[PDB]
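Only one chain comes next, encoded as structure tokens, the form deposited in one PDB entry.
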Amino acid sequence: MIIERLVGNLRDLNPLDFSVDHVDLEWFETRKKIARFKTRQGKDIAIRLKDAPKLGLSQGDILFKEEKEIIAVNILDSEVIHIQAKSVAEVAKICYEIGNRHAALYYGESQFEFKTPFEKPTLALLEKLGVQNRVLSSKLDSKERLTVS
């Protein structure tokens, strides 16, 4: 059957207690509403999301929950530009320019840290502005994403 709605998250736990099967998504698939996926254990699922999270599906988001059986979202690591701004003025410039490119942008671990998917234009852009950055493999969790309205 069609999955229309989330059933909480592994964090609003769930001390498991549960047999947890995952749908492993790329960051760029987290804002899908109508899709067909296969879980890590080989089950088919189909979503037609209603009132989907604006940010996208996040790590641990529960799509299916029946007795001890859970299917939850796993977001796969990807190549990420980790940005370190040096001032508020630079945060402003960085976010303005990335917003202008319509590139995804995520909050980092602190006030002046941001994450954006690796693509050569964004990397070129950030060097062109002399902005401190580092490319690492890591997780872009939807819950840290900056919304566009």
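Rigid core: the largest C-alpha set superposing within 1.5 Å between the two forms. Positions refer to the first chain, counted from 1. Compared with the form deposited in another entry:
- Core-based superposition between the two forms leaves all of 101, 43, 33, 65 but one with CA shifts under 2 Å; the exception is 101.
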Contents of the next structure:
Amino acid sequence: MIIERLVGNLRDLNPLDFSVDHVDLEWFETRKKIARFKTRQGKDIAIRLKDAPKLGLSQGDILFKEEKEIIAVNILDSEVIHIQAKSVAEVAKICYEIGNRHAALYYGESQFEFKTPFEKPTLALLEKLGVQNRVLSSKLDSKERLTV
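Show the same protein again, this time as the form deposited in another entry rather than the form deposited in one PDB entry.
Lone chain follows.
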């Protein structure tokens, strides 16, 4: 149908248990408040949200639940530079330099880790600074973005 409100998330499980269909978003499309998708199973779906989370849609956000049938957001993976900073000093240097390049940036899964989309210049930079990183196909979750 024409979805206006999130119905929670698969994380606050949900043993599934359910027949979950998925909408596949790029990490950059997760901030759309009005749009039309087609689900994995090909259902036609419309979002015009009231009170989208300011951060964007996250993995597992339930768009639809009728009986045992679910539709949920899933974020496609992309190539991502996984930055591992050695100190607080280096954190500020990394963040300030990426912020300068106006690249997107996200919190990693540990204090000194940070994740940005892959872009040749970004990586040139990171290597120039001699910062540790690996490129990986992985998932930029909205809830972990740096506001900006």
